[PDB]
Each structure stands twice: as structure tokens, then as C-alpha cells.
Amino acid sequence: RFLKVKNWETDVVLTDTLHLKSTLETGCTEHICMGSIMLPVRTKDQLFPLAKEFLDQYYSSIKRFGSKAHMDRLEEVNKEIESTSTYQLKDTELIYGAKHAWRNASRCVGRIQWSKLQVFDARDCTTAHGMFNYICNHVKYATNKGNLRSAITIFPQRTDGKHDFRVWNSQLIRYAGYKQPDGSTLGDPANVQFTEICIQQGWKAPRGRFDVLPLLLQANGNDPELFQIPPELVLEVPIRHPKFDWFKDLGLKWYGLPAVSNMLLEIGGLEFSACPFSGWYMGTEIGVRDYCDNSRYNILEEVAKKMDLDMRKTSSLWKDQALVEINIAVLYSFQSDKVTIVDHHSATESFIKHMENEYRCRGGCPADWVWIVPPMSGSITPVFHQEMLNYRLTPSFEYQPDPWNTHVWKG
Amino acid sequence: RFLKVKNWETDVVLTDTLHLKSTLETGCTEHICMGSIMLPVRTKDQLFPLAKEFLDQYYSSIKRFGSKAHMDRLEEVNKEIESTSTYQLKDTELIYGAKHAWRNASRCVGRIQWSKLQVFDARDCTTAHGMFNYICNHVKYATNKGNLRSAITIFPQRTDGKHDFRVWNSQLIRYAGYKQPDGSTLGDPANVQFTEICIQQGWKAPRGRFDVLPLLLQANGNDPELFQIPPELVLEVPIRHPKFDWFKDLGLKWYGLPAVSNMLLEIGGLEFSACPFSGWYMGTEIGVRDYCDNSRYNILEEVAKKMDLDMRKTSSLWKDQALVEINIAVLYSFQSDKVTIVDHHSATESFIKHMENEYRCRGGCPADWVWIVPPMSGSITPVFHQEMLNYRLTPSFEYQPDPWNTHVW
Ligand code: HEM
Ligand code: HEM
Ligand SMILES: Cc1cc(N)nc(C[C@@H]2CNC[C@@H]2OCCNCCc2cccc(F)c2)c1
Ligand SMILES: Cc1cc(N)nc(C[C@@H]2CNC[C@@H]2OCCNCCc2cccc(F)c2)c1
Ligand SMILES: C[C@H](O)[C@H](O)[C@H]1CNc2nc(N)[nH]c(=O)c2N1
Ligand SMILES: C[C@H](O)[C@H](O)[C@H]1CNc2nc(N)[nH]c(=O)c2N1
Ligand SMILES: [Zn+2]
Numbered sequence: 299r300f301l302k303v304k305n306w307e308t309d310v311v312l313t314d315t316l317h318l319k320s321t322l323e324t325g326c327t328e329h330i331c332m333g334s335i336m337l338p348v349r350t351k352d353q354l355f356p357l358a359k360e361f362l363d364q365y366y367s368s369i370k371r372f373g374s375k376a377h378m379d380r381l382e383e384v385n386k387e388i389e390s391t392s393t394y395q396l397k398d399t400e401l402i403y404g405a406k407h408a409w410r411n412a413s414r415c416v417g418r419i420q421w422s423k424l425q426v427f428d429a430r431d432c433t434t435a436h437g438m439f440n441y442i443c444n445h446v447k448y449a450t451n452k453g454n455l456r457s458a459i460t461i462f463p464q465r466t467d468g469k470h471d472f473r474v475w476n477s478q479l480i481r482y483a484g485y486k487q488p489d490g491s492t493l494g495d496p497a498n499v500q501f502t503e504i505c506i507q508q509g510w511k512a513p514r515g516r517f518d519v520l521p522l523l524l525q526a527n528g529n530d531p532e533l534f535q536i537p538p539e540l541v542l543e544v545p546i547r548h549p550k551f552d553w554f555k556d557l558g559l560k561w562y563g564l565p566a567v568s569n570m571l572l573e574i575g576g577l578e579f580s581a582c583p584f585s586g587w588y589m590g591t592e593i594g595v596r597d598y599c600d601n602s603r604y605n606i607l608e609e610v611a612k613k614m615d616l617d618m619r620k621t622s623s624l625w626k627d628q629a630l631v632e633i634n635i636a637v638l639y640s641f642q643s644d645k646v647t648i649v650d651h652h653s654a655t656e657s658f659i660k661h662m663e664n665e666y667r668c669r670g671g672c673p674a675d676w677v678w679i680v681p682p683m684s685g686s687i688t689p690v691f692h693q694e695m696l697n698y699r700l701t702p703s704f705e706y707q708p709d710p711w712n713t714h715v716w717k718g
Numbered sequence: 299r300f301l302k303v304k305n306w307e308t309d310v311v312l313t314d315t316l317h318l319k320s321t322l323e324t325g326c327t328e329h330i331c332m333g334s335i336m337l338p348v349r350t351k352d353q354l355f356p357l358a359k360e361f362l363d364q365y366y367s368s369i370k371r372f373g374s375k376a377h378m379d380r381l382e383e384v385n386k387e388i389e390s391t392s393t394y395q396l397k398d399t400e401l402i403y404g405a406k407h408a409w410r411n412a413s414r415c416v417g418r419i420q421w422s423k424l425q426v427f428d429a430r431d432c433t434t435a436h437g438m439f440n441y442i443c444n445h446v447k448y449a450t451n452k453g454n455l456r457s458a459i460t461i462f463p464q465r466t467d468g469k470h471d472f473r474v475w476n477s478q479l480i481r482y483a484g485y486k487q488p489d490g491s492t493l494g495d496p497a498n499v500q501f502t503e504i505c506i507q508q509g510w511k512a513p514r515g516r517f518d519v520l521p522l523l524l525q526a527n528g529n530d531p532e533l534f535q536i537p538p539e540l541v542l543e544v545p546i547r548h549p550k551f552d553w554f555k556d557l558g559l560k561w562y563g564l565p566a567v568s569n570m571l572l573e574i575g576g577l578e579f580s581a582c583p584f585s586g587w588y589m590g591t592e593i594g595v596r597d598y599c600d601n602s603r604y605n606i607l608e609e610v611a612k613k614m615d616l617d618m619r620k621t622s623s624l625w626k627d628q629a630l631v632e633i634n635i636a637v638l639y640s641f642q643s644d645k646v647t648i649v650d651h652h653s654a655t656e657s658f659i660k661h662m663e664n665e666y667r668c669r670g671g672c673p674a675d676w677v678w679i680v681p682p683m684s685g686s687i688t689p690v691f692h693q694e695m696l697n698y699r700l701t702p703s704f705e706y707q708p709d710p711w712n713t714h715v716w
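Protein chains in written order, with the deposited numbering: chain B, 299 to 338, 348 to 718; chain A, 299 to 338, 348 to 716.
Hints in this document: simulated from the structure, not taken from any laboratory. We put the beta carbon where it would ideally sit given N, CA and C, even for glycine. It cannot be assumed that every hint is accurate.
[Said to hold, decoys possible] The calculated SDA-like cross-link candidates involving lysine to any residue, where the alpha carbons are at most 20 Å apart (straight line), are:
1. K660/A - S622/B
2. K304/B - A497/A
3. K486/A - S457/A
4. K423/B - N451/B
5. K550/B - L616/B
6. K620/B - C668/A
7. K645/A - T621/B
8. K447/B - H436/B
9. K304/A - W678/B
[Unchecked claim] Some residues of chain B that are not near chain A, with every Cβ distance over 12 Å (derived):
10. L318
11. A376
12. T393
13. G453
14. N454
15. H470
16. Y482
17. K486
18. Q507
19. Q508
20. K511
21. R514
22. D530
23. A629
24. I635
25. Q707
[Claimed, not checked] Listed below are several chain A residues computed to face chain B (Cβ distance under 7 Å; list not exhaustive):
26. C326
27. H329
28. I330
29. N601
30. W676
31. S686
Use the sequences and the hints to build the structure in full.
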């Protein structure tokens, strides 16, 4: 099978063969497409094929497929699985696996960077205090005083599913949200439930608009424990606008380090339920989504008020005007503070170069158009015009449900 | 079998059951999603189940399912197919079919309007000259001096497929494009090929930037013929800006009537290969796509220059600033000239309301999120946050390829 994708702006046509390596299901069928649906212990029987597939991929990548070292490693893993029902990755395999999970992440526009990823091996961690220290070190390393460096920290893998490591936070750094009696929210409305969990667990909340949440960390399937990230490790950027001097008095700021902590990393059939990773922001994430979603900080009205825009009719495009100015502010602010950030134009242009490279050297690049096209100015980015094929390759990152729904409280 | 769609802004969850009446292939499989791919005769045996399927839904819709009139019609149609190899729709069936093809159009944000569609039955048409007359009357009816009204004109159905009616144009009203010795393009770069075929057939091209193309009409499978729409039926709008006095000096205009003319209408297995339809513009179509695509009029650079924005770096968001201004100008110009237009905020709000009606009254609404979300400001519109299921129902509009590949002269 050879599948073609066309770019409707350039007429460049690419041929995908990599989709033949794809195993898992998409959610779609011949009768229904679920491309806009957000959410569309293994036995020893299913584990060895998965291990073998991965090791075969690894050894081919190091140009040693079929070698004694490759054959010896297959035999070693087979013997480990039959005897212990699982196996341990070599450090080399773990690094390869985490880089490839990123390379394979079809919703990620930043993948040009995939091969530059600092992997912190935390498989010797045993307690939540230990997880805390590893996470502090990750944050300090990734932050690098504003010169952000991509990184991932990998905690011990699933055993029986009763002893999971989990970070309960969806991101290492996020602001608290507090639902008021009058139904208004102070802070980030996305984090209300988790903020209530933290408070119930003993957190003394400052009750302000930008309170950095504590970490809630679960080690070895035990009840999670609270830790406050040292404030001096949490780099923030006050938001100001290059022309509008009143922009600063909105009181906005955001944190520099986007660090996803709720995903599951699968490598060779092994499952890493705690694998916080971080890169740097594309400006629209903050300026479009975090600030302007109706369910988030929701600042459009206040910004448009201050700009003296005509707010009586949507057709004046006041929302669109205010949106651009907020996104100028975010980029200006990060740039003026020398904190790494990428604009949506630059990022999408780099993504297209990455995708074309991947088609030539790999035979494809699975991509999720719904997520790759930025949430403002869609069609003035080159990705809008690029047809994409979405399919699932392993190693991979997967969404996992919040642990408060599934955890067995021990007390 | 019972699929849920969630809205992530509102937490409203809807249950889709309509997808089980889905028929044709999506292009997706369990292994690969082709959601972003633009392009993912009937024998007596294939035709009767298609007719029955349609007639059943029709008789169902007027609450006469399993009635004598239902069975009598199914009998009549079966007789007609068996003896004639095709059949003819009753006027009522044709109106219902066309409205439902619009209702079923998964890529259409304006479907809240679907039941208000004027259907012009042009199945008695026999010549290209007749086609031209029907099309001018559609144009004048739909335009209505700027108070636009949705309409479709339906020409004779495919027979053996060697006698197809086709409007060669992709829309009834579009501007010409010409390659220049200088290397650049004058006019709409999208229409360069069509314009060459027009001149090749005899059209005397004015060679300007906004030359309304002539129609190339094909009747009964003959060679297409050229007709010019009367200039006074083509309502155009000069583009100006409410703040920027200089905007009018770019010399931009667009036409008021969006009228798609290259699709195939399938009703009850019958195929209507010439079925031009029109509604009214959503402003982003002109302001974002027609004006700002790099492969189109590509005017962002000129506008940014006149706004004196910092164009040295992408992170100044000069493209995005200029984009908003162009789209403000489009809406203001149409509104000032009293030509119906809808902004993307209003259209998408209407569509969410339409989806909710369709889930409650029909059990679902097929929708293609890639097309439904506006090409600018996506997430500040409510459709960005709405999960949608995409599936193909009939009656349907299907894209068909340009006939100049098909045709033999
Ligand atoms: C180097 C800077 C990076 C940039 C600019 C970037 C850009 C983005 C953006 C804009 C998204 C969508 C985010 C959202 O809408 O929630 C995303 C998604 C994602 N990225 Fe990246 N990315 C970067 C680095 C990384 C790294 C280091 C990894 C892992 C090693 C990663 C893996 C992922 C995954 C798994 C998703 C999907 C997240 C989900 O399902 O919620 N990315 N990327
Ligand atoms: C009443 C005003 C209408 C509005 C505001 C509207 C809105 C739109 C928009 C914005 C698109 C995408 C256009 C593009 O990006 O090329 C579209 C697509 C479409 N609409 Fe509508 N629509 C309207 C009326 C109609 C009518 C009257 C019909 C048929 C009777 C129709 C059927 C379709 C079809 C079949 C498509 C997909 C076209 C293609 O594949 O190129 N729409 N609609
Ligand atoms: C329901 C659901 C499924 C899913 N797969 N994912 C989510 C997280 C949502 C996606 N959209 C908003 C929120 O995610 C917010 C955090 N996203 C940052 C991704 C990123 C960016 C730069 C560098 C990085 F290392 C990581 C929710
Ligand atoms: C390759 C291909 C496939 C396809 N299905 N379609 C196309 C036409 C392209 C799509 N996008 C731009 C151009 O279509 C432009 C015409 N679209 C207007 C739709 C519309 C709006 C309002 C009222 C109406 F009656 C109709 C190309
Ligand atoms: C319903 C829809 O799939 C959902 O709103 C998506 C759309 N595209 C997205 N794209 C990105 N990058 N992040 C998101 O959270 C979303 N949300
Ligand atoms: C490749 C991609 O599917 C293509 O550019 C689409 C994206 N979404 C669209 N949406 C609309 N309404 N119209 C279009 O022409 C397109 N083009
Ligand atoms: Zn799909």
C-alpha cells in the first residue's frame, strides 16, 4: 500500500508507506470518522511480540539488525519475560523509546526537535519524596534560566497495575482555580477539581488568581503526597504589550515551562504511567487557549473594553482584534524576558519541513490535522493546506484517565 | 452503535444514532484516519434498493409509512425501473431530496437554513441555451437585489452517462486568471486553467483583475457552449474599510452570490450532474481564503505595508493583524451595500444550535470539523470545542472532477 497526501497550496504530493507499520486502532471505520473526538497488567502472551517488535526496531535503527548482540538481547528478554512476567529496558533502549514516542506523537507540532530530548532515568525511584526530588531537578534543568531545553523524567513502569507511579497533576506547573459561592471562579477554571483535591489533602491555598499548584505524587500505588515546588524554580513571565501600556495592569502572567505529566509512555509493551515531559510553548497555547477560551481565563471582553472596540455586534470582529493583540503581548513578553517561545507561524513552517523530511527518510509522518492547525489564523499557516494521515505508531504517549477516579485509597 | 459527542467548553454530551443509517465509505479505516484529505452507470439491480431506501424515508417524513400510497409508489417505481432502466421523481420527492442533500452536507456550516431552499425544477431543459436561461433566472431570484435567498436549479438526471448535463464552471460567478509573460498571475490564480479553455472556445478575455468568467454549459452530453451572464445580474461589492481610508485604493471587489455549480446531487439512486445551488457568504470565505491564501489573490503583504506594521519577523503577528482588518473590510462593505453576509461568530453559533435540534429531532448531524471550523480565530468560535461525527448519508452532494478531463470533443 502507498497512500498519497497533497498540499493544496504547493501541489507537493507525498507518498506514505510508514502507515503499514501501524498496529493499533484509530477510532475511525469505513462508515464513521472520529477525527474530532478527543478520546476516540498485560499477559506474557501479548508481551513478547511487543518486546520483539520494539527491539527489532531499535536494532535496525542502530544498524545491527540480525547481529549476535540483537539475537542475544531477544533471547535475554524472552527469558526474562517467561520467568518474571516482565522485563527491564537497557538505558539505550529507554532513551531511543522516549525519543520515538515523541517522534510518533501525531498531535505534536514541535516534532522537528524530537531527537534532542534529555532523558532522566528515574526507574530507581521508590517513594513520593524521591519523585519530588527528580521532578525539581527536571524543572530546574528544563528551565535553564529561560533557555528552555526539552526533557523527560521516567519513573518505574507498571507491574500489576496495583503499584502504579503517577503524577496527579496534569502539568507540573499550573495555577489553582477556586469556585466561588456566587458561581464565579477565581484563577484557572480548568483546575478547580484538582485544586479541591489538593485542599482536601492539606494544601493551604493562597486563594489568588495565579497560585502555582503543589505537586500530588503517587509512588508504588500508595496514596499520593503533597509537595510545593520551590518558588525560585518556577520561572514566570508578567505579560505586557509593546504598544498598549494599560496591558500590564490586567495583572496577567504565565509560567515559562510547559510540562505534561498525565500521559502514559508505552515502549516495547512496557507501560510508564509517570513520565513528565517538557519542551517550550507555542504562543497561541497561552494567548488563544489559556487566556481566551470561555472556560479558561476568558479575558477577551476586558481586553476589547480597554481597546475601545465596537462590542455591540460580533461582525465588527472585536473578539478577533483583541485576540491578536493578546497573542502579540504573550510573544513580546516571553521574548523580552529571554524565555524560549515559538510563534505559530514559525512553528508550523518548521513542522512542514519536518514532515517532508520524515516522508523522505522514514516513509511517513503521522499527524492529527485537528490538533496541528493552530487555534487562530488557521489558513494563513502552511499546515492548514497540508493533507495529513493520522495513524498510531509505537513507542507512544497515550492519555490516561485522572487518577482520582481510579485510585484505591488506602488511608 | 450509540456514539457520544461531547462539547468541551459546555460539557453538553449528545448521543448519535443517525450514523447507523449511514451508507457509503468515509475513506477512514481502523488503522488510518483520512479526515484531512480533500478527496478521500447504475444497473436495474443496484437502482431499486436505492429508490426504496429513499422512498421509505420520504413516506416516513410525511407520516404515511407503510400506507397504500407508499406501497403503490414503490410498486410504480419498481415497474418503471424494470421496464425503462430508470425512473422519474415526483415534484414533491425532488424538493424533499434536494433539501435533504443540503441537510446531509457534512461540510456545510449554514445548514440551519436547510428547509428554506427554493428548488427550480429544470428537468424539462434540453439545450445549452435553455440551461443559460434557467441559470440567469436562478441568479436573479437568489440575488434578490442583495436580500439573498437560497436556491437550487436541477437539470435532467444522468441516463446512460453519455448524455450528462454539466456546468463546466466550479461556481456560477467567478473571476478569470491569466498567466503573464512577466511570470506572475493577473486575476484569480485558481481559474487559470478554466480561463484558457474559455478563450480556447472563443471567449474574448478582457484581461483585467476581476473579469466575471462566462458560463460553459453542457447539455445532453454535447460539447459545452459559452454564454455570458448579463452584467446587470452579477451583483458585486467594492471593498472598503470603516477606519482605513486607504483600503478602497487597493481596488478590491467580490461578487455577492456564492453559487456552487460542480457538484452531483444523488437522490434515490438517480444522479443529477448539473444542480447549481447558492446561499450567501460567510465573510471568512472571501476575506481569509479568496484574498489571503498564497495561491489566491495573496494580498496580505500589500495590506500589511499600508498599515505600516513590523514585517521583519513573524512573531510581530503582522499577518494576523492584517488578516483581521481584511475581514473587517469584507463584512463592513457587504453590510453597507445591503448584501446578505454572515460573520463566522454568528454562523458557528447558529450551527451549534442546528446540531442540537438535529440531535434531538433526528438523532444526529454528520459534520466535518476540518471544514466547519472557520479558517481564522478557530477556538474563539463554539464549533472548535464541539466533537463531531462525520459520516455520509443520502440524498447527498458529491464533488465531481472537472469535465475537461472526462470530455471528448
Ligand atoms: C520543543 C517544544 C515543543 C513544542 C513547541 C510543542 C508543541 C506542541 C503543541 C502546541 C501541542 C498541542 C498542545 C495542546 O494543544 O494541548 C503539542 C502536543 C503534544 N506534544 Fe509537543 N511540543 C514540544 C515538545 C514536546 C515534547 C518534549 C514532547 C515529549 C517528549 C511532546 C509530546 C507531545 C504530546 C504527547 C502531545 C499531545 C498531548 C495531548 O494529547 O494532550 N512535545 N505539542
Ligand atoms: C445559506 C447560506 C449558506 C452558508 C452561510 C453556507 C456555508 C458554507 C460554508 C462556509 C462552506 C464551506 C465553503 C468552503 O470553504 O468552500 C459550505 C460548504 C458546503 N455547503 Fe453550504 N452554506 C450555505 C448554503 C448552502 C446551500 C443552499 C447548499 C445546497 C443546497 C449548501 C451545501 C453545501 C455543500 C454541499 C458544501 C461542501 C462544498 C464543497 O465540498 O466544496 N450550502 N457551506
Ligand atoms: C481530554 C484530553 C485528551 C488529551 N489527549 N489531552 C488533553 C490535554 C488538553 C489538550 N489541550 C489542552 C490540554 O492540554 C494542555 C497542556 N498541553 C501542552 C502540550 C505541550 C506543549 C508544549 C510542550 C510540551 F511538552 C507539551 C485532554
Ligand atoms: C478539491 C475540492 C473538493 C471539494 N469538495 N470542493 C472544492 C472547492 C473548494 C473548497 N473550498 C474552496 C473551494 O470552494 C469554494 C466554493 N465554496 C462555497 C461553498 C458555499 C458557501 C456558501 C453558500 C453556498 F451555496 C456554497 C475543491
Ligand atoms: C472537539 C475537538 O476535537 C477539540 O476541541 C480539539 C480541537 N483541536 C485541538 N488542538 C489542540 N492543539 N489542542 C486541543 O485541545 C484541541 N482541542
Ligand atoms: C488539507 C485540508 O483538508 C484542506 O486545506 C481544507 C481544510 N479545511 C477547509 N475548510 C473549508 N471550509 N474549506 C476548505 O477548502 C478547507 N480546506
Ligand atoms: Zn477518520
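Requested in this report: Report holds if the minimum CB distance from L318/B to chain A is greater than 12 Å, and violated otherwise.
Outcome: Non-interface label on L318/B violated, nearest chain A Cβ at 9 Å vs cutoff 12 Å.
Query raised in the report: Would you say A629/B is clear of chain A, with no C-beta pair closer than or equal to 12 Å?
Result: 9 Å, violated
Query - Minimum Cβ distance from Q507/B to chain A greater than 12 Å, as the annotation requires - result: 22 Å, holds
Report task. Could you check if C326/A really has its C-beta closer than 7 Å to a C-beta on chain B? Result -> 4 Å, holds
Report task. Take a quick look at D530/B and tell me if its Cβ sits farther than 12 Å from every Cβ on chain A, holds or violated. Result -> 29 Å, holds
Report task. Measuring Cβ to Cβ, find out whether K486/B lies farther than 12 Å from everything in chain A. Result -> Given a closest Cβ separation of 14 Å, the condition holds.
Query - Consistency of the no-contact label for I635/B, given chain A and a CB cut of 12 Å - result: 5 Å, violated
**Report entry** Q707/B and chain A, when compared Cβ to Cβ, separated by more than 12 Å
**Finding:** 18 Å, holds
Requested in this report: Grab the minimum beta-carbon distance between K511/B and chain A and tell me whether it stays above 12 Å.
Outcome: 30 Å, holds
Query raised in the report: Is the hinted pair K550/B and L616/B satisfied, with a Cα-Cα distance of at most 20 Å?
Result: 16 Å, holds
Query raised in the report: When the nearest CB of chain B is found for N601/A, is that gap smaller than 7 Å?
Result: Cβ of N601/A sits 6 Å from chain B, so the hint holds.
Query raised in the report: Do the alpha carbons of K304/A and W678/B lie within 20 Å of each other, as the hint requires?
Result: This hinted pair holds, its Cα atoms lying about 16 Å apart.
This entry does not satisfy hints 3, 6, 10, 23, 24, going by the numbered hints stated previously.
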